[PDB]
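As you look at this complex, bear in mind that one protein chain is not there, while each of the others sits in place.
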Amino acid sequence: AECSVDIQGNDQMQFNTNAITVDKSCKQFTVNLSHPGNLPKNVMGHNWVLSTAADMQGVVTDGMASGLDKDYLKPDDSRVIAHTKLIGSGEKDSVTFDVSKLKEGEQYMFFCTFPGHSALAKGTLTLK
Amino acid sequence: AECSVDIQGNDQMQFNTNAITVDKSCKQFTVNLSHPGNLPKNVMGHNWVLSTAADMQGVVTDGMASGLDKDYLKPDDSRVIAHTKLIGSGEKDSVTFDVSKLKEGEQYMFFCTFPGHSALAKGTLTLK
Amino acid sequence: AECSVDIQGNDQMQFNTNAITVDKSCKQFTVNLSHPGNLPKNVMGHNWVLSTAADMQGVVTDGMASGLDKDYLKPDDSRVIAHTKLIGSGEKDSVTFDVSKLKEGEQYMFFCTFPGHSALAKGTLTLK
Partner (left out) sequence: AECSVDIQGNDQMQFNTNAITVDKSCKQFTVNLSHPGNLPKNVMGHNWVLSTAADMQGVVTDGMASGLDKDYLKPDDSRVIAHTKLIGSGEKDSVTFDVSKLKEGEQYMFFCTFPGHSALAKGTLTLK
């Protein structure tokens, strides 16, 4: 709703939304991430990473290899189209990206690369 | 925001929120349920049912035994503090209840009784 | 035992195993799927689909959108190495595939494509 959306990751390992639609008339899109819980990020940390559906698995695996101090994301990973930092309850982070990076007819997924969170903390994103 | 909350159950079998806090000032609390996907009621129907944490297994068990035709809810189930109807994508329902029916100190859960849905589609609710 | 395995998917959305080793000496491999429970296909159907971990997410998304008549799988989805049928309480289905469809140094996943189940009904398959 407009060119930005507010996403929350909570203490049950879930995102409040599992589907995002990005309007073609948006030059950029902004994702605002908050964490509505009471748990630290060493325990229940969440980021919002975006890649094609096909790349999801790879990013996730490489990322949990990198650890906390690297936000569970592989540095200079060319498959991550856009991402937030990893936060804990009470923290916030936003990222804006170019909608011209996405393309009509490809399937993208967004998820949390923190170990195992991606089973539930994921959702589709489409250019519409 | 105020004495009411908007909950949405989607196609990935989840609620947008897994924690609700009802303020003591509320005379009545309202829940507005929605189904943002595009899957039908028979495949992915969702309801919002409230019971003490203690009663959740029974309501959910007795409920899935009841069937689609009965919104998967034991008719006249006494353990059910409040509930909506089961809806499919595109539909809505609300339920309002007296806060006098809840008590401080007790633990309640809200959940969906459509077969298997309460594993992910559930949450806590407290009178604070 | 041999080049086959017997797997059950219950009314709680769980397969009875998380991992399947496929011995390199088998020419064909056969999975015999059963569904212990009282819930029907349309409500709790279970299939066993196999793909590389990388292709899984897309198989799932595309299958969700295919409908029951299609066993929630996309017709002629080239990413599906093999699959059973969607079966409900009390039914059985088997499938046999050539182990040459499999390469080692590839991670495989098995899962059910029925709406919302893939988060719980999944496991790994390794050509060992």
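Order as written gives the chain letters A, B and C; numbering starts at 1 within each chain.
Note that in this section a residue touches a chain if its C-beta (ideal position, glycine included) is under 8 Å from a C-beta of that chain, and two chains touch if they have at least 3 such contacts.
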Option from B:21, B:28 or B:57 whose C-beta touches the chain left out: B:57
Absent-chain interface as seen on chain B, which is shown: 53-54, 56-58, 107, 109, 119-120, 122, 124
Touch list for chain A against the chain that is not drawn: 11-14, 38-39, 42-44, 64, 114-116, 119-120
Hidden partner chain, residues of chain C it touches: 10, 12, 14, 16-18, 119-120, 123
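The criterion applied here is as follows: only the chains that are shown with their structure count from here on.
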Copy pair chain B, chain C: interface residue numbering same or different (half cut): same
Whole-Å gap between the CA centroids of chain A and chain C: 28
Distance from the mean Cα position of chain C to that of chain B, given in whole angstrom: 32
Per-residue multi-chain contacts in chain A, two or more chains: 120
